[PDB]
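Just one chain follows, in the form deposited in one PDB entry, and it is written as structure tokens.
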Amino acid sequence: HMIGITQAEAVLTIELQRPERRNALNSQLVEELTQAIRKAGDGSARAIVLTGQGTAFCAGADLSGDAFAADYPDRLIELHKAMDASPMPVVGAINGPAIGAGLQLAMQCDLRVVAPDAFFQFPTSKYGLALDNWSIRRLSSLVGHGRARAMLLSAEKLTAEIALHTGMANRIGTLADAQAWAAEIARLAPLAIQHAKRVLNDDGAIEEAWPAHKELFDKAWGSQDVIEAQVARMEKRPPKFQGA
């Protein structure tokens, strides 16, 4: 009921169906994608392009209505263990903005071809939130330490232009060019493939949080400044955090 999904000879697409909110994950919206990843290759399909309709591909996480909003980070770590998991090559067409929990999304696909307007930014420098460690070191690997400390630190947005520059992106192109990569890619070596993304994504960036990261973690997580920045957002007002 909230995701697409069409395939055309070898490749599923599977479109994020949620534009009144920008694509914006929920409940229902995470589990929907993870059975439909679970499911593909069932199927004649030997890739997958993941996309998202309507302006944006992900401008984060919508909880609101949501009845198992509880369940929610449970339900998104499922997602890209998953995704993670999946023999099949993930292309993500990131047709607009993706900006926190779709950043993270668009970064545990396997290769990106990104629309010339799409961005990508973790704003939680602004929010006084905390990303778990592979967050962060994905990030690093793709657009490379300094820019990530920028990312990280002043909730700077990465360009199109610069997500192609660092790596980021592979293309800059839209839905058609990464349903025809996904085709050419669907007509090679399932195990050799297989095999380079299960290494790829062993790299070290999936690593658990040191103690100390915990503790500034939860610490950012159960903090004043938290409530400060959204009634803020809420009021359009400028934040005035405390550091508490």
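C-alpha atoms forming the largest set that superposes within 1.5 Å between two forms make up the rigid core. Residue numbers count along the first chain shown, from 1. First, how it differs from the form deposited in another entry.
- Residue shifts between these two forms, rigid core superposed: of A67, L216, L191, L200, the only C-alpha displaced by 2 Å or more belongs to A67.
Okay, that was the form deposited in one PDB entry. Show me the form deposited in another entry next.
There are no partners or other molecules in what follows, just the one chain.
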């Protein structure tokens, strides 16, 4: 009910359809994606394009919110496991902003073709949250350790042009461009691609949090600053965090 699924040549196009929420990921959207990924090429598709309707690729977790629901991360993790395990290369057609879980989604694609007005951001430091290790590692490999530090410690927006610079974007362009590239890739040897992908994803990005990481993570998540962050936003005022 919340995604579009089409196929032309051997390219499955999976489209996030919540444009009125900038494709924010609630629980239902996350389940429907997972399913669409697992059932990709049941079936004759050799590649997937993943993209969002409207002006955003994905605005992150739904602030309504599943974002702060306790069993929401597991659905996200299962989504990511499904993409990682799929033998299909996923070309992300990033048609506009990708934030939070939405950045995570974008980075879990195998390749990225990015629209000129799209940007990338982890606003974690504005909301007092904390990321899983994989997000941090993969971001570091895609924009380089220095920019990652700036994105993670200060919520720096990564522009499209700069995403093209560091490698996070492979190409700057449109959905049609992404679909055309996926067509090429769909004509390549699948076993070679499946091998590259698996080895690539096993670069060590996938990392269980160290004990200090887990403690700092929980401490951030169950902090009062989390409340203050959303309140200041809705009240359209600056936050006053207390570090607790």
